[PDB]
Every structure is written in structure tokens, then in C-alpha cells.
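Now for the letters of each chain:
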Amino acid sequence: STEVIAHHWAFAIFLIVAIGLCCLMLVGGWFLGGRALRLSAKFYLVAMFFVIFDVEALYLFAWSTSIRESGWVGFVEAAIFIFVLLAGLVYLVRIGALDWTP
Amino acid sequence: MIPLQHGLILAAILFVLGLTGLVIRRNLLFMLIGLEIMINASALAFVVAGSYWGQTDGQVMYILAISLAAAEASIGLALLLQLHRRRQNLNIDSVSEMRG
Amino acid sequence: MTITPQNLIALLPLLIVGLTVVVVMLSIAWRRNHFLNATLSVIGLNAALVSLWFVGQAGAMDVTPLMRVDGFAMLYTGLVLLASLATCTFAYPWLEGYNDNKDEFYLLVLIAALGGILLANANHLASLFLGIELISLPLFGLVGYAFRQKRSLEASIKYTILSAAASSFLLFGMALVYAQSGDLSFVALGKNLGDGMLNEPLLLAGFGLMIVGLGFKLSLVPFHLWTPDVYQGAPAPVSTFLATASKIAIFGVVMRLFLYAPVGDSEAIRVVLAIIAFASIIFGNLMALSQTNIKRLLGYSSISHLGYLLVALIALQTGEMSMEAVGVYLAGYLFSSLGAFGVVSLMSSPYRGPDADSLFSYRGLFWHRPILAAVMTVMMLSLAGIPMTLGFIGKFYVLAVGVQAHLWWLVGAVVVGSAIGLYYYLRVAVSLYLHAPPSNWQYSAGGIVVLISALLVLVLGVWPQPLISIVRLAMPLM
Amino acid sequence: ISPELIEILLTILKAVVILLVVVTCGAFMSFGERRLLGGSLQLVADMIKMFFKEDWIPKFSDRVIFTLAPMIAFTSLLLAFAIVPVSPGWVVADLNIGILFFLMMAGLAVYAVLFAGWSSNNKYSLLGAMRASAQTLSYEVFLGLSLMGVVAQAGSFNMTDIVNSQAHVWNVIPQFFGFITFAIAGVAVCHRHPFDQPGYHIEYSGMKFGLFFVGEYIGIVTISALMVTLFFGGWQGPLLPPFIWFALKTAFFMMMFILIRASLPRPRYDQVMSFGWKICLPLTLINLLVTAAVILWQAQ
Amino acid sequence: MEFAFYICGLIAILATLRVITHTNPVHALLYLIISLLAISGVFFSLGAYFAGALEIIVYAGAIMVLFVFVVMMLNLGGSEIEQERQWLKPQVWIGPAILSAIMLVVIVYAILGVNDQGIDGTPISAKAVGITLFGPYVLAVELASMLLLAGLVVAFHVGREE
Amino acid sequence: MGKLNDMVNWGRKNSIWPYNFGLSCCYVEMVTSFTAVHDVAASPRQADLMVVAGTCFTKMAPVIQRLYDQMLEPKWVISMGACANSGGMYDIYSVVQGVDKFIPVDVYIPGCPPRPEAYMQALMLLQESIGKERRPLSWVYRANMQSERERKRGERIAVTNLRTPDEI
Ligand SMILES: CCCCCCCCCCCCCCCCCC(=O)OC[C@H](COP(=O)(O)OCCN)OC(=O)CCCCCCCCCCCCCCCCC
Ligand SMILES: CCCCCCCCCCCCCCCCCCCC
Ligand SMILES: CCCCCCCCCCCCCCCCCCCC
Ligand code: SF4
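Protein chains in written order, with our numbering: chain A, 1 to 102; chain B, 103 to 202; chain C, 203 to 680; chain D, 681 to 980; chain E, 981 to 1142; chain F, 1143 to 1310.
Calculated from the structure, these hints are not laboratory results.
Yeah, the Cβ is synthetic: ideal placement off N, Cα and C, and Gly gets one too.
Don't take every hint at face value.
Calculated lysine to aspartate or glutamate pairs in the EDC-like style (CA-CA distance at most 16 Å, straight line) [stated by the list, open to error]:
| hint | chain 1 | residue 1 | chain 2 | residue 2 |
| --- | --- | --- | --- | --- |
| 1 | A | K42 | E | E1062 |
| 2 | F | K1155 | F | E1215 |
| 3 | F | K1217 | F | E1259 |
| 4 | D | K739 | F | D1211 |
| 5 | D | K958 | A | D99 |
| 6 | A | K42 | A | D99 |
| 7 | F | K1145 | F | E1275 |
| 8 | F | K1217 | F | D1181 |
| 9 | E | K1107 | A | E69 |
| 10 | C | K352 | B | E199 |
| 11 | C | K352 | B | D195 |
| 12 | A | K42 | E | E1122 |
| 13 | F | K1155 | F | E1270 |
| 14 | A | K42 | D | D841 |
| 15 | C | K352 | C | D557 |
| 16 | F | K1274 | F | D1248 |
| 17 | C | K393 | C | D467 |
| 18 | F | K1274 | F | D1148 |
| 19 | E | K1107 | D | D841 |
Ranges of calculated distance between the beta carbons of each label pair, as one might list FRET restraints [to be verified]:
| hint | chain 1 | residue 1 | chain 2 | residue 2 | range |
| --- | --- | --- | --- | --- | --- |
| 20 | C | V618 | A | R38 | 53 to 61 Å |
| 21 | E | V1086 | D | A979 | 48 to 56 Å |
| 22 | F | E1259 | D | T704 | 49 to 57 Å |
| 23 | D | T704 | A | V73 | 48 to 56 Å |
| 24 | D | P945 | F | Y1235 | 41 to 49 Å |
| 25 | E | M981 | C | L488 | 51 to 59 Å |
Facing chain A, a subset of chain B residues (Cβ under 10 Å, in silico) [unchecked claim]:
| hint | residue |
| --- | --- |
| 26 | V125 |
| 27 | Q161 |
| 28 | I165 |
| 29 | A172 |
| 30 | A173 |
| 31 | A175 |
| 32 | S176 |
| 33 | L179 |
| 34 | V197 |
| 35 | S198 |
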């Protein structure tokens, strides 16, 4: 066809023009003008929680685009998935893993 | 249009590179990095195989593989932090107290 | 495939263990109570164990493209649940001395049991991979549960790194197999081939990388070097679980894979597994000679016993009683390892701090712990294949299976390795009976568990017919 | 000279026009928020000064990471804007992934804060960047989950399918909790000012500081346009031409962000973490469940 | 379409080779992110749109963020990493590189002897992945949730501070 | 070329971000300068103008020197008040007598304190000084401007009568 390849050309031109724009912006900035504590473990914990819940979110991303095709069976399966996810979240909240204030 | 053997060869190359990085590095962090490279190469191989047969099982195996990658990375980095806490170094030759 | 309510009846132990995980986690979120959460974990495991009967009433069928439930699945689900219950029972007296949190142990034991059940019911490469990882990652937590102890952190790091590498090998091999086959079901691995074209190179290489991952998980030579270090460094109930349930579930799913796959009777794969089994038997018996530590000795023992099981697995395509032999040997090895690692767990409990030792000191045990010494010497005689013990019944089954299929090198390997095992097991037993210079009902429950295991080993060694009858009753879908 | 080549060149020109308009609106609305709290000549003067300022990379810092953080902070949300349809026939890429590409760009955009923190080489700056990165992780944990109700109602990841499914009713009415959670998440991951500081912009001078400034305002433009196309019909309207409706709704949401900055105080860091991990994430999950129940219940 | 595959595969191989040989952990992780983007482009060139989307969302947007976070928390200012360069000595890397090259030769020899009709690159959308994920493969979904919970509990228990 | 340098200096003069590092009463006058009744409308790394407004003590002088060194070219300095110009009324042991002892100053403001309109007048003076000089376009000759004293001499000497102090 022609519309899809036209949109591919438009998107490729968009990406290369934006990247070249930022690169030449830095090039002009660098080219023009004269010249003359202990890291707490809570950051790792919240980053790891983000990783795990992002993988569970990816499963829900896959489900959400085909809810009608899976029917009520898929709804029950996803409800079990979400309930396990929420039980893990409640567990993390209650053991103080997500509490930052002392 | 893309041969299946070419995608499988690419995945094998990346798996071999990840295994080499896992072996030759004394630092625990680069060993975890090599593990991530190996499991991502295996997941890429599953995607290539699924796209060859036109089946949706390859991306499902990719999803399970990256779930394993995320959880193993989490556990390995927690162990790395514990090792750095209680020994102040990440050289894996020093973690050899059990032998024989 | 959809899920009917009868398929949910066939899904029963998996559902009960998952609901147990959720309930235990919500109870921990309510209040950290060690006794209540341990009680909930063992109640859920007992509920799954007794729901195996309702699974048996339903019948053998397939619940998914992934899971297939039959008598084989019920048998190995029961073995995994027994090992998990024993692990919780041994873990409570050890965890009573653990000053940090104690209930995450039971949560991880439940998740690892769930992985074992999935591996028992597996009929698919996806379910095989997911069951292996579902076993492995709670073991990453449990092996280094006492991470303040130096050896436990070392064993956790070693097991995590090596098991991630093995999972990568297994995943890449499954990907190559799926590239060749086009279906991930066990029955369709090599089905498209025929008329002598079974030894396709990509299929064989994928099965080789799968064999690398599985032989890591089964402590088979040359993927065996982690086993004494991880067994020694891990906590003693973790050593019990890792010796029994992980090996049993993974060997069950390997038996299913080599039974259902049309490429499982390949001559090249058979010869490779014969080499691996021969080397596993000989090396795991030879390396346990000069072992003064009971944990490393039991690790090399695990290597040798898994080699004997592999010998039984090689004759699966030729013989017919190979599944029965594997079931009898697995029950015997389960009870033997449960008793031995339970004696080690009871004498190392409570956990006496991260800065102190975790040694067993088996010399002269009979003069202050006579019942544990009797249990441990029965277990050492059982692991040696000596008659009047169930380990001999397993070894007899393995030898009968190997003789039936004319695997003469493996028969000689079993004989030689059995003699070397006789040496080091008897050294351990006489060290128990030489001369050397609790007070709660959960320690009593652990002692009752190891005593019942000893009585089961002795009775089923002198009378193995009930075990053979209940193992032959567990036939999978032919 | 062929009509297909004419169409290809016209589509390329449309893409370049969209890019120049979104960048120019980012700079112009940067001056607009500067003046609200002539003038294009002042903006051009500021751009000239940023061009001819002495570009200084610190001696005790990395070059690649320090250079790459503003590049990410600009290009990530620019390419996030690359999926937004502004009119029928006026779109850069009619991707099948769409909002997945937006999530890809946000997940790449956290690296700008992380890399600015590493190249700062200051303990206070590194700690502040760790706090900022933990905040944007805590609030991008539910960004896709807030958009999943809209995706479920559309049944697809395509943005044109979403705005066509918003034909009878705009998605702000059914997906209201999804709307407020997407608003909070987009505010927090673009570092708007109820959540601007828990700074990592220190040691950035001249063109890199300008890149951070223009990049975050371009992210404001992108999030406003995505809010329009995901919850307020996109281009759809009763009387006006479609681009006029899209532009007025987008400008309304940019002014709404200005009012939000001028009208709200700064919550404490612990409150921000507790909110993002205790309220918004379960609200997104419950909203997705209720949306699925209503979708399966109505389609008998 | 094949040009995108070959260019992104070449970029992925080169970036991986730069990963396993670099000494600065931040530059190694940056090269790893570049390789993950290249592999996502490979996925998009094969029709696996959902796989490439998750390769940038999860692998390059969550896992590498965690690695970057750990590298920050280690405060690596030359803490027994940059000074050694022990892996560049040929007595350390020549053996394992030979071993991995032998393994690559064996695997490629296995791969080259398979029937190949080519990859058509027909886009398998995320709708089909969601249909088969919550149809035949749904026990995998539930037990993968259990696997992620296991990883969560393990990493929380190990990676506390106290 | 000629118009290009003019546009560059125009861009520099129409966009000036002050780092108002004040230390005393003069700084409080500049705080009052930001209110809406005067209508006058950061970090030293991106600021291009340093307004030294207050007494330069012997202990605060290293801070002022370091904060000026952290700035980047082009950089301009406005001294506000008698203290920053000369030390003012504090010819005392603990005061540096003028900030131009250690950093160059482009525009001086007399007063103690100057009112904010004097600061706006100095901003206009600095803008004219910027627009009259020229710097290299890519990788400094300041213009010698006529002094405000002699320029304003005629209209100052022409003053005859002033309102008496008795009334208001
Ligand atoms: C610092 C910068 C470093 C360098 C960054 C990369 C620079 C070059 C990037 C552009 C390369 C040229 C253009 C490539 C092709 C574009 C068109 C395209 O991807 O089309 C394929 C596909 C179309 O599919 P669709 O239209 O949905 O379906 C119809 C039938 N297929 O559409 C898709 O599959 C769309 C999904 C792929 C889109 C990729 C977008 C770029 C990804 C990299 C972003 C980097 C961000 C900055 C760095 C982050 C931190 C390191
Ligand atoms: C043959 C299978 C195992 C049978 C039981 C093995 C022994 C169990 C313990 C029974 C009691 C042993 C008493 C030993 C006393 C030793 C005294 C030595 C004195 C020099
Ligand atoms: C903040 C708004 C950003 C918009 C970015 C894209 C701009 C595209 C402009 C297209 C204009 C023509 C649209 C078709 C004609 C219908 C409208 C006519 C009256 C303007
Ligand atoms: S010049 Fe006068 S008003 Fe200004 S700081 Fe000095 S004493 Fe204060």
C-alpha cells in the first residue's frame, strides 16, 4: 500500500528530525560562545516494588485489550490475579515496606 | 523474508556473549548483568521461534521469561546489596569459604 | 482449553496451596504471629494432601494445554506435599531461635510446594519452565534465610547465580526445541519427524541445553559442584526441602518429558543420559569418602541417588516397570532423606545466632540422643541399599530395571557405587555409636516425623508390597 | 513525480509541522507561565543567550551521562507526543501499540533524572535525585494501569480507535478515577509542581539547563494532548473544526496545569510515597475490574 | 523490514560485546540499555509488537532502572573495580572465550541444519497475546503472579537494612 | 556579520538572570524590589549577573569569591550601595573595603541603601554597556562608555530651585 508506508516515512522523519534537533541543539551550545552519606535501602526496596508491580501491570496490559474476547472466565482469572496482587500490596504496606515515615 | 536460522543465530550469539560475561567477570554485578543478557537472549529466541510459526506462544514464553528475569534480578541485587553491606566488596573469589 | 468445574476439581491441590499462600500472607499482614502462620501453612498443606483423594475421584484428564492430572501427578504431588510438611515441621524449632522475621519462611515453603505441584501436573514446556522457576526462587530466599550467617549468604549467592544460569540454559534449549517442533506440548516434541529422522540436530541441541538445566537441578555430573556447598550453607530445614522436594518434583517432570516425547527414545539422548548417570553414580560416591561434614556427605549422596534414578529413567522407553521403579525409589529416598536431614535439623535447632556455628557433631550421639541416633543409623543403612530397608527395595528395582534393558555398564556402576556408599555410610553409623567427650512439642513433632520415617523405612523394607501396590496404582496416561 | 510521492511528501510535511508546533508551543508556554506568574522577542533573546552561553562540562564528572540526561528529558516526551492524533488524517504514526509507546517513552524518561543524579557528583544532589527517581517510579507504577480502563473500553491500543470509541460519550465520564489517576501520574512523572522537588538541575548550565526546561514543558504539552485524546474525545466536537477543538482542549489543560502549580502546596515526601503506593494503585486496579465488569455486563 | 532486523541485530551484538568488556558499570549498563532497545527493534521487525513494547517497558524501563539504582547505591568511585582490569589479561579471558566460541559453533551448526521457510513478519498484536494468555495459558498467568510474589518476598527479606 | 553580533548582544542584554547575593540591608531593599509596587520584572551556574549588595566582610569574602568563580562567561557584576563599592562607612578591621578589591565590577550604585529604582537604572546602564561592547562569537574588548556624571552634568547644574524641607 501507500498510506502505511507514507506513515512509516513520516514517523521515521519525525524520529530522526527530533533526535537531530536535540543533537544539533547541544552541538550549537557547545560550539558557539567564547571560553575562559549512607544510602538507605528503602530506595532499592521501592525500585524493586516498581519492577515487580510493573510486570504484573504488563499482564494486566495484555488482558485489557481483549476483555470481551475472554469473557467472564477471563474476568474471573484476572480477578484472581488482581486479588493476589492486592494481597501482596496490603502485605507490603502492613509490614512497613512502603512506610517511609518513622 | 527473514530466515528463522538468522534470528536463532542472533539469539545464540547473544546467549554466548552473556555466558562469557558471566564467566570472565569477578565482580558480582557484571555476573548479574551477564545473567540478564543470557535470559534476554533466550527470550529473544522464543520470540523468533513464535514469530516463525505464527503462533502466539512465543510472546507468552517471552512474558514468562522476562517475569523470571525481573524476579531473578531483584533477588540477585538484594543479595549483592547484602554482600556489599557485610563484606564491603563484591569480588566473588572472596566468597569461597565452603569447599572440599 | 477452557476450565470446567470438574477441571477445577482436578486443579484442587494447586488451588488450595495458592489460597494458603494468600491466607498466610494476609495473616502476616494482620499480625506477625509465628505459631498461627506455621499452623495455617501446615493446615493448607494437609488440606491439599487430603484433597488429593477428591482429585483421584475425578479421574485422569487434561486441565489446560499445560496441565495433565493423573495418578502419576497425584503421586508426585503427594511426595512434594509430604516433603513440604516435613520442612515446616523441622523449620519451626529452627526458626524459634531466629531473632528476625520467621513467617516469610512458611510463605516461601508454600510457594515452592506450589511449584512442585505444578511440576507434578506438567504436560507443557511452559508449565515445566514455570514450575522449575517457582521451585527455584523461594529456594533462593530459603537457602539464604539466615543471610547474616556467612556460609548461608555464600550458599544463597552461589545457588542464585548458578540456578539463574541453568534456567537460562533450559529456556534457550526450550526455545530451540520450539523452533524445531512448533508446539510446546510434551507429546509434540519430535512428532513432525519420522522414519529415522528423529535425530534432528536442532531438536537434539535444544534437548541438550534443557538437559544442562535439568541436570543442574538434579545435581547430575558435571552440573553437581554446587550441591555440597549449597547443602552445607543452607539452613537445615532448607537442606531437607532442597534434597527432597526439589529433586522429586524435577525428576517427576523429567520422567513425564521423556515418557511423552517422541524424541525421548533417541539413541543419542539415551547414550548422553547413560554417560551422565554413570559419572553421577561414580563421582557422587567417590567424593563422599573423606567427608567429615554430614551436610556435604548427604549432598554427594544426593548426587549418587539421583544417578541411580537416572539409570531407572534410561530404561523407560525399553522397559515398562521403569515408572514403578522410579516411584518406589523416590518414596524410599524421600523417607531416607527426610529422616537424615531431620536428625540434622533437630540437632541444629534452635538457631543459635548468626555468629556461632551450625555443625552437627555426629560422634557419640547415642549416649545423649539415643532415638535420633537410632533414626540416623537406620537412614544411613537405608541410603546404603542394605536389606531390611526401603532404600534396598529401591536399589533392587533400579537393578531389575537395568538388567531388563541390558544396561550392563549402569549395572556395574550401581554395584561399585553401592560399595563405596557402604563404606562412608557405615563410617557415619559407627561414628554415631562411638564415644564422645527441646522441651516443646514442636521439637517433639519433628522427632515424631523422623521416627515415623524410620519406622516406614524399616517396615517397607521388610514388607514392600503396600508401596508397590500404591505405586503401580499411579499410572499416567499411556 | 507521482501522486503517491506527493502523498508521502505531504505526510512528511505534516509530521514536521506537528513537531515544530509542539516544540514552539513548549517554548511559548514556558514564556507564558513565566509572564503569568510582545514577548516572543524576549524568548528569542533567551534562546540566543542559551546558544552563546559557555557550555561547561564539569571536570570531576562523566561526559556521556551528563550530556545524555537532557537528551533523554527532551526526546522521551517528544517521541511520546509522536503518537497523538490531532485531526482525522493528521497523525505522525498510526501505531498499533499507541499508549504502549507512551509507556515506553515514560520508562525511558526516568533515566534523565537518574543520569542527572549520577553526573551531579554531589551527595545532597545524588540523594535528592534518588528521592526524585523513587517518586517517579512510585507514580509510573500505575500510569498504564490508569490508562487500562480506556484501553479496555476501546478494546484496542490504537489512539484513533480510542477517540472513535469516545464518539457518544467522552471517557472522562466512565473512566473518571482513571482520569484522576492519569492526571496525578502524569503530573508526578513530568515533575510538575506539587511534586517538583522532594535539586538535580544544579551544575547544568546554559544549553543543558535550557534542554531540561524546554523538555519538561514539552512533556506538559504531551501529557495535556494525551489527556485530551484519552479522556475528552480527542478531535471530536459538535460544530467547530476538529483541530480547533483539540487545540482548545489542550490549551485548557495546559492552563489547568498552570493553575494546579499556582493553587496547591507541597505535600511531604512520605505523604507522596504513601499516596502513590496506597491509594492510586488499588484505585487503578479496582477501576479496571469495574470497567471489565461493566463491559462484559452490557455486551450480553 | 529485513534491513531493520539486520541493523538492530548488529547493534545488539556490538552493544553486548561492549557490555561484557567494559570496566565502568554505568557505561556497561548504558550499553546494555542500547542492546535492549536494539533487541526491541528486532522484535518489532518480526511482528512481535507486544514483545518489543515490553522489552522497552519492562526490560529497559524497569530492570535496568533497578540495576542503575544498585550501581548508584554502591557509590562506585573506584571501589576495587576500575583499578584491576583483570579480565583483559588473556590468561583470564582467552580460555572462556574459546569455550564459548566452541559452544557457539556447535549451536550454530545445529541451527543451520533446520528447515527454514522464513519469517513472514505478520504482526501478532497484543490482542492475540491477551486472548491466548487468559485462555489456554492462564494457569501460567496465576502461577507467574505467584512467582513474582516469591521474588518480592525473597528480595524484601534479603535486602532490608535494619 | 555586523547584524549577527548586534543580535547576539541584543539577546544577551534582553535576557539577564541576576544572582542577587546580598548580605545586609541592601539585600532587604532588593527583597522589597521584587514586589508588585516596584515591578522589577536561581543558581550561580546558570546566572549571568551577580549583584553584590551589602558589606563584604573578611569572612564572607571567600564565599563571594567562590560564588563568582562558579559563574560562567559572559558574567557581569553590579555593586549596590556604599559597602559593596568602597566599604562604605565601615572603614574597620573586619570589612573588606569594596568588593572590587577581589572581583571586577561592571556597574556601581551609590547609596546606603539604594532604592530599587536605582537598581533598575543600573540594569539599564548594564544593558547599554552590553549592547555597546562586543565579544567573540565562537571559541574580550569592553566599550569605554561615557561616564554618567559628565553626561548628566548639564541637566544637573541647570537646577536652580528645590522644594523647601518645611512642607511635604
Ligand atoms: C539518544 C538517542 C539514541 C538513538 C535512538 C534511536 C534513533 C533512531 C530511531 C529511529 C530510526 C528510524 C525509524 C525507524 C522506523 C520507524 C517506523 C516503524 O517503526 O515502523 C514499524 C512499526 C509500524 O507498525 P504499525 O504502524 O503499528 O502497524 C502497521 C503494520 N505494521 O512501528 C513500530 O514498531 C513502532 C515501535 C518502534 C518505535 C521506536 C522509537 C524509537 C525508540 C528509541 C528511543 C530512544 C529514546 C532516547 C534514549 C533513551 C535512553 C537511552
Ligand atoms: C538393620 C536395620 C536397623 C535396625 C536398628 C539399628 C539399631 C537401632 C538402635 C538400637 C539400640 C542400639 C544400642 C547400641 C548399644 C551399643 C553399646 C556398645 C558398648 C561397647
Ligand atoms: C497545542 C496544540 C498542538 C498541536 C500539534 C499539531 C498541529 C497540527 C495543525 C494542523 C492544522 C490543520 C488541521 C486540519 C484543518 C482543520 C482545522 C482548520 C482550522 C485551524
Ligand atoms: S551600603 Fe548601607 S544599606 Fe547597604 S549594606 Fe552597607 S550599611 Fe547596609
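Please write out, lowest number first, the hints stated earlier that are contradicted by the structure. Hints 1, 3, 8, 12, 14, 22, 26, 34 and 35 are the ones this structure does not satisfy, whereas the remaining hints hold.
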